[PDB]
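Work out the full structure, taking the sequences as your base and the hints as a guide.
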Amino acid sequence: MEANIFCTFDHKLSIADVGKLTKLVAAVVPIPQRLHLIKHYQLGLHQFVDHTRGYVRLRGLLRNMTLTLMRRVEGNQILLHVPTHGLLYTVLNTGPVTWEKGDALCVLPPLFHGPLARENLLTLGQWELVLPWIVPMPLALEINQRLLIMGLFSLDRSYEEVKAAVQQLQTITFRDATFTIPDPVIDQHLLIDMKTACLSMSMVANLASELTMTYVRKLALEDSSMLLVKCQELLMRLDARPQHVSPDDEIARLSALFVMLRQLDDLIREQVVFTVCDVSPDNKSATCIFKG
Amino acid sequence: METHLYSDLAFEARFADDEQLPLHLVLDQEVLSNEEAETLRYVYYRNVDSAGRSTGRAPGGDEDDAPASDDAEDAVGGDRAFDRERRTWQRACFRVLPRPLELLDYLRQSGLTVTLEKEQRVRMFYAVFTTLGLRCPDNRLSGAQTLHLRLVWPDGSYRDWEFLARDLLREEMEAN
Amino acid sequence: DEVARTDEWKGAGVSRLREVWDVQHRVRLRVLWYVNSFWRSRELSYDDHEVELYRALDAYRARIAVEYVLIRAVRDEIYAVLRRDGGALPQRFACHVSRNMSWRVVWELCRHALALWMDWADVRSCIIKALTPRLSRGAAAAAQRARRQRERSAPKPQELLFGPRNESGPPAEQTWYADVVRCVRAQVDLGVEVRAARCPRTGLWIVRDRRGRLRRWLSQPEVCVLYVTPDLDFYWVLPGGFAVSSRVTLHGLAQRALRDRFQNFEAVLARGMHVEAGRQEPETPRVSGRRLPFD
Amino acid sequence: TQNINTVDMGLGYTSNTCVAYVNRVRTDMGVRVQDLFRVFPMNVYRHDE
Amino acid sequence: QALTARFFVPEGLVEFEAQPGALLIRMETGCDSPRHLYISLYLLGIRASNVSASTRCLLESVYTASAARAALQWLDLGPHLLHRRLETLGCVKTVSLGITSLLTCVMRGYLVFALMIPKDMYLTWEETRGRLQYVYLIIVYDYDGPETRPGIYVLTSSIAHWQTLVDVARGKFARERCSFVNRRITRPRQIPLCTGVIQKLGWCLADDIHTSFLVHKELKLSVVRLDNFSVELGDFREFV
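Protein chains in written order, with the deposited numbering: chain D, 4 to 242, 254 to 306; chain C, 1 to 176; chain F, 298 to 592; chain U, 1078 to 1126; chain X, 44 to 154, 162 to 290.
Source of the hints: derived by calculation from the structure; they are not laboratory data. Worth double-checking, as some hints may not be accurate.
Stated by the list, open to error - Okay, derived cross-link-like pairs now, BS3-like style, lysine-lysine, Cα gap no bigger than 30 Å in a straight line: (1) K118/C - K307/F; (2) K222/X - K198/D; (3) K198/D - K250/X; (4) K298/D - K104/D; (5) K305/D - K104/D; (6) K169/X - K250/X; (7) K169/X - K136/X; (8) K104/D - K23/D; (9) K136/X - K250/X; (10) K222/X - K250/X; (11) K136/X - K270/X; (12) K307/F - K222/X; (13) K307/F - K198/D; (14) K305/D - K222/X; (15) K305/D - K250/X; (16) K305/D - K26/D.
Below, the structure is given as structure tokens:
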């Protein structure tokens, strides 16, 4: 296997740039082709980033690519190391997001942040180095879910009604931080995802058993608690012995319901890339296991 | 083709609540140019009462009936009146076939077993499929009703023209 | 074991095909009837009592009436204000003038232009374009803001010294829509768009194209031209920059029909266009036949 | 591995070369026209027939 | 390096599988004495709808042993479900024949180690040869007919991220998905689980893919071959 990747800079390496790059050692950068030797253009997302077109497209392009770690550099030579599944590695936090002990990580395209004054790395000519965001599971799942919600809600509505909802949706608060999705324009990829979501939602609506349909009504009649009060408050606009009980048919129907819900979940959950051990107290670096 | 079937099922669903019956249309080069048929974005339709009304407005009357004020501040009831006007328009599904085709051969290549009164060949350089509705307040349907067909392109330009229900239903309903 | 509606639908098929023209006989299109449609099962009834038909055509006449009557109201304003002024036209558009010219012939050309323009009146004319932005939602808010901003006291020295800078005023560059008619060969132009500005030396108007080039027609003896402002103010010009001033009295029409006929239709989101308001749209979707369709 | 660093010791073009001798040609010098359909595979004529 | 494994299987199943490079699957059975039985990918071809008539005739001719026929009866007995009953072991290369045969399997390794696939079962979504390719085993369920006979494919693709592969599979298999919905509506008393199942086993260089013929008992089969192969098993993941 190509356990090492060499990249060569065509431009001259001034002392400031090489020192700055030396500070980035052991960070995470993606590489498209996995080929043994690669030019400096493909290192980073700058070749593919385009604010005019979908953030969904950039999300897909990022999730398709491969992940690598950084190594110390020398004259005109920068060394990249591909991780092997199951081993233990050291990574540095590229974004400002806080990291916590014992939760998974995901990779996502960069996000707008409070000051908007993002630091520029290795701006060699018209080319620039930009890193992907390594994000813990709740924030990444929340942002992907809310992007899908944007796509599903905004369709077939005028800009006026959409204007308040997008300002409510776009802002994400996560563990005392604030974030905003750069460019949530609808794209054909989002339409395919939405078509699959609609099919799965209708299927689970259909094949759900009677007990599952009537469960919350019976319990709301029976009990009363804050969770049930909230559920009824949600369903208020919409709002006996079962004549048939069949354990085997119920088992099969619930298995079908699980395959449907399993499919619907895959639309949201991005693939894990890292699982963490305990983190340095400065929130800048962590030691993690890599998964493929 | 699928648009006709889906719209028929959807109007079957919504008929019990708003009582619109479906009408299926096909348009060709006598309607619109190939360039604007290739970039078609939106299609809109509306129904009118015999005396002159709309589907969204209150049938008896509305403040919009008042003369225009030509004042500086609110030309014509800006926000509320514009909301009403966008309310009265309704959207319908559409599919466009940019390749040239003839109706009967295409339908027979699909599952539909067309058997017309005569096998009149029609050649269309490009075809768009669209289904529209015309409402009847109860199961009485008046031939004097007029129907609107709007087409919208990305740059905001639009073209529209009106039909008489008596022409559309001239013989199909006469049988029933 | 039962089949879905789709398969019996496709089996049953269609059997009828009719061609129908629109009311004006502008466009013809076909309609299809499916034998399996629920429309057949409902068994609804149909009638076309003649009084309802007569009411429908009269209402339709009133519907197409909206723009021609506005043109005629423009005529009435022109003639009424010409009588009221009594045959005096102040100069309003910046151009030089010659004294030793047979002004009678250019007056007769103005008469001919007035006659010719009215014969070629259409919905494509300038005033429909002038009302086009006036009807939209933004127009009312913009007019409110403009009236509030223009009706303002001069800032005290306190406000000028501290806090916000001088609040931006209106720009000189105005947008007009225009009709121009040429009498030397009887032909008219009706859908023109033009830039306007007020000359700094004298308060007369200067007319320019959107490309910035200075416009020439004002000199030509054989042409008379028509202007309308985005706040529905009206001007008619004959050679020599001498103008007639009035306001378009659109109060002759009911708001319902006026809004029904035309408005700058606002869009709703579709595949490819931005969710954020006002962003630059990507390349057009354009499901195409020139190319093998993507899948 | 062995890093090689080179330094130029002249303020001018210190090396010259010429295209000296010919071995037989690698291209046929033919007249077979480029297959334009294969370099633009997406485009089709409108009517299918 | 390689993780060797060892199985026993009766002679009736072996004779066509006896070529060193083969792929093996474990099948559960309700019958108490053969609690488990071992089936190779070729034997799935006798029932796979994708396999052409001539190759199906050859497979019917070869696997005539009573134990193999009982195995196929157990396979066909399964109501509209196979992945609940099939489990993947991996690639094999060693065999000793006899009244009860012995063969070894590798579940993780890259130590000739070519993996063999029948020519009927092989497809690619892309004609462009990407330098790095993954290969997957997929099962697809047909639903437009009276009762569900399954489809079998082994495919190579340059896509690694799962959801992108599911997107392209949905794009190419839309007919099967519509057939699944049609099955759900037309027979409401029956509840199918999925349209298809993806399972991952592959790491190989694209320049080392071969086309070849194979012989057994002087009967001739056409096959496609992956030569410089590495095996990495995965979970049976269901898609719609």
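Report task. Would you pick out the hints that fail for this structure and give their numbers low to high? Result -> none
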